[PDB]
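Just one chain is shown here, as structure tokens, and it is the form solved without the ligand.
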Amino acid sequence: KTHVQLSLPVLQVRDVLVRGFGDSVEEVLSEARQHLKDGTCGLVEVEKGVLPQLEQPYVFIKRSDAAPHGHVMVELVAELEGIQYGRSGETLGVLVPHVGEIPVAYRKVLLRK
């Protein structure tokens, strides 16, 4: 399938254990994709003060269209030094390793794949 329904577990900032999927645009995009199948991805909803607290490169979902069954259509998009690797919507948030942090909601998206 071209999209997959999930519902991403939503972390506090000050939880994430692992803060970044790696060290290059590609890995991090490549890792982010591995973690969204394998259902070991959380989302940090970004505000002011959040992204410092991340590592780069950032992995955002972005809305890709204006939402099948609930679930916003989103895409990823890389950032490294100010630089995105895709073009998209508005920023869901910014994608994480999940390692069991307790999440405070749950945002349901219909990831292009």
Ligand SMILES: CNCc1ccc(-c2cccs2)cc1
Second form
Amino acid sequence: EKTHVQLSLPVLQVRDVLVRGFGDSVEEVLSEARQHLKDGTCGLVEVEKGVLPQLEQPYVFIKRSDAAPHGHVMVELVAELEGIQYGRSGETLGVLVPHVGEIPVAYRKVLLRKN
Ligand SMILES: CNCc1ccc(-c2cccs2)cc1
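Having seen the form solved without the ligand, please provide the structure of the form deposited with the ligand bound.
Zooming out: every chain and molecule, the one shown earlier first.
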């Protein structure tokens, strides 16, 4: 199990997302996010004004962890619940959500730390 894995994540528009979060506690959302990333069933929503209030907390963000092998920006997971974050990292790339067949607008290449 390598420390990092290259993934191409489907980028979803928030209004298309059918399942708006991964669960109900910080530990669950991180766990489920990781399982969906493993299974190829995880999408990414880019954060713009109006996005977060349309998604369910706790949130799972991917944040930049370094400073980009082979096109894939190195990232790690950080969860947020009620204004508190669980992890510290760099800039947010987006919020992770389950992917259940929505049509993406792009794919985002990342090198994800499995931590
Ligand atoms: C290439 N697809 C295989 C694979 C994908 C993702 C992961 C994980 C992501 C986060 C924790 S495990 C592991 C294996």
